[PDB]
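Next up: just one chain, as structure tokens, the form deposited without the named molecule.
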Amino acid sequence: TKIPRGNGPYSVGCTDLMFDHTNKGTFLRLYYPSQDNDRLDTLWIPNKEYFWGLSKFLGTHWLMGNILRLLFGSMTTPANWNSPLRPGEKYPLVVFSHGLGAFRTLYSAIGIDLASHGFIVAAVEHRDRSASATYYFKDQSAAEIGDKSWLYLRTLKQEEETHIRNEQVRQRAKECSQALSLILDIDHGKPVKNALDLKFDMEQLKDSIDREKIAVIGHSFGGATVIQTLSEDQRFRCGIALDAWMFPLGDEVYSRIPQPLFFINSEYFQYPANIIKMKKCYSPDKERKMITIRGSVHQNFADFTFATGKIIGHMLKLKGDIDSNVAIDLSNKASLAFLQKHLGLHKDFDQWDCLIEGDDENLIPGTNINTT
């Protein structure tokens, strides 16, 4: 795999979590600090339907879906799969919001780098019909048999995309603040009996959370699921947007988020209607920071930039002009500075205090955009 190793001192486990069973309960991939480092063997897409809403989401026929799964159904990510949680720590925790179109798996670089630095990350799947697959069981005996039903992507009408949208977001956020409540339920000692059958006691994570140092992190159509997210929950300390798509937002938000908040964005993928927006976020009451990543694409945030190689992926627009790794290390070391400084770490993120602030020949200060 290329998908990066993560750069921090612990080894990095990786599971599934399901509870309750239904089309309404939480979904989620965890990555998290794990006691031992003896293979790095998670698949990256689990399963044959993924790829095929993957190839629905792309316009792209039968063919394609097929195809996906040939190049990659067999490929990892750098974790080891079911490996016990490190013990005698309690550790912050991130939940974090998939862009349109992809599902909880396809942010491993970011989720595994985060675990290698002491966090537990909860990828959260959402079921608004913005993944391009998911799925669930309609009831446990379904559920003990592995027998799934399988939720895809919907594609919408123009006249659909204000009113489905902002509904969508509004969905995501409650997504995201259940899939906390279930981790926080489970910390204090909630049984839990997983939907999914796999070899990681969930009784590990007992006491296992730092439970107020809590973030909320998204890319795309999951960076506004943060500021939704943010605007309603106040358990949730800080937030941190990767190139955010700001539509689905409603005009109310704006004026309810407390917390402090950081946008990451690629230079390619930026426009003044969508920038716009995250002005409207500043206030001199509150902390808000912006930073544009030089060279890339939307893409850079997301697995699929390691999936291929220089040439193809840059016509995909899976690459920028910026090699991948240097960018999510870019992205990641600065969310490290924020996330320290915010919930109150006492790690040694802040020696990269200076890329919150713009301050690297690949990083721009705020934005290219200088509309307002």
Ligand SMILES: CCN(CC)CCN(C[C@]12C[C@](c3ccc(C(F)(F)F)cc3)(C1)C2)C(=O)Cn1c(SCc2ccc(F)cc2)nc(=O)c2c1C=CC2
The other form holds:
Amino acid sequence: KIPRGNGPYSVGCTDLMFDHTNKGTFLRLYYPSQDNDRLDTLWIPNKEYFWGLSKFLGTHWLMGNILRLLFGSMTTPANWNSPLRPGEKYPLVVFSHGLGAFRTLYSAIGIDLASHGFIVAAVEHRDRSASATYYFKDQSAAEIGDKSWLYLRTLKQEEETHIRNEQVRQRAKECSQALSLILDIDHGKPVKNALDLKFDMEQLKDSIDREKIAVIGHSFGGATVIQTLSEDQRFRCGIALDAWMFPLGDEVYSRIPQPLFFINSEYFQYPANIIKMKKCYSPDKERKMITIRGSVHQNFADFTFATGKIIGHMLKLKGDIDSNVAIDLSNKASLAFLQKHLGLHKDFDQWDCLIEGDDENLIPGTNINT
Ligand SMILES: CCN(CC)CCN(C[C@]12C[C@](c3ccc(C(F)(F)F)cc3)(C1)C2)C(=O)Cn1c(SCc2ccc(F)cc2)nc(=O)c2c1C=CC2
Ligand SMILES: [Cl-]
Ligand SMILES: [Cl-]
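Having seen the form deposited without the named molecule, please provide the structure of the form solved in complex with the named molecule.
Every chain and every other molecule in the complex is listed next, the one we just looked at coming first.
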């Protein structure tokens, strides 16, 4: 269902939580793998994520059990806990999920990046923007595996502006903290994974190309990309996938020195949002924008592959365009942009035309009038 990566490398996957608290880092790692004979990765790994999704969709908790029945055994094509492919320093992408999502729902992107030689750290935010997430109250709880769950916060109309901005700021701090953790692991720092999994983090020592770091994200995660870039210069460039610009404070628009690429869906965008994207532009800064023809907001997330065409188009999970075609365009254009602004010595420049929207299923810039 969820597509395999298009690159030459097999892909592995694991989870890392450090420290064990609600202030620690929680991420799902996708990486180039040595082996390809392991069990596939469980897509949504706990029942509480389904209860969280039901609250996010506005239905009763019992609908969560129905979602669990339909999707609870589904996997994604990544070798769970497989050894890292040795003998090469890989560039790093930190990925930020949308409102109501969590770390595991962008594996199509994560797996494809990893298949082309990236390590991808998909963060799980503890700002109450995730449908659900978990942590451990103290050291004892972590030992026995007694999880404390944190669910999505519903906002009153009056809370919107202030709380969304507090959330995007926390999200940015979580992205920076995840980077610092991965870089420390790269420089041999011993870390006790709060989750007891058969993947030794010592394998990641000397595995990261420390200057080739990017941040990518969808919707609320797209705003997170921009906030993160403005406050952490260790990130060399960013790619915002159908960014939702509402959470950003007025101050961030003029302080994004890094190259920034907006990849939009045809049907999600609107003038107020496009105007905010245009405020990030300046003659001295590198900016690109493309729109995928026939695509919808959900083409960037994994649920676009989870159902058939009829049920998909009804639930707003698919657009007029084929989902595999849409994600290939976003992923290939992303690789070209990454090679250019991280200075990679790969063949991703074969997709440079996609950065300019030069393709039958792409629109240069945007279809929205402002
Ligand atoms: C309807 C409730 N309503 C108010 C909260 C709107 C909810 N909504 C549209 C939805 C996602 C939808 C969805 C999922 C999952 C099934 C399922 F049944 F297949 F599981 C069906 C139908 C429900 C389409 C969005 O919020 C869209 N959105 C997203 S969606 C990110 C996401 C979340 C969960 C996922 F499973 C996959 C992807 N991330 C953002 O950062 C922003 C926005 C809007 C502005 C900022
Ligand atoms: Cl849409
Ligand atoms: Cl508008």
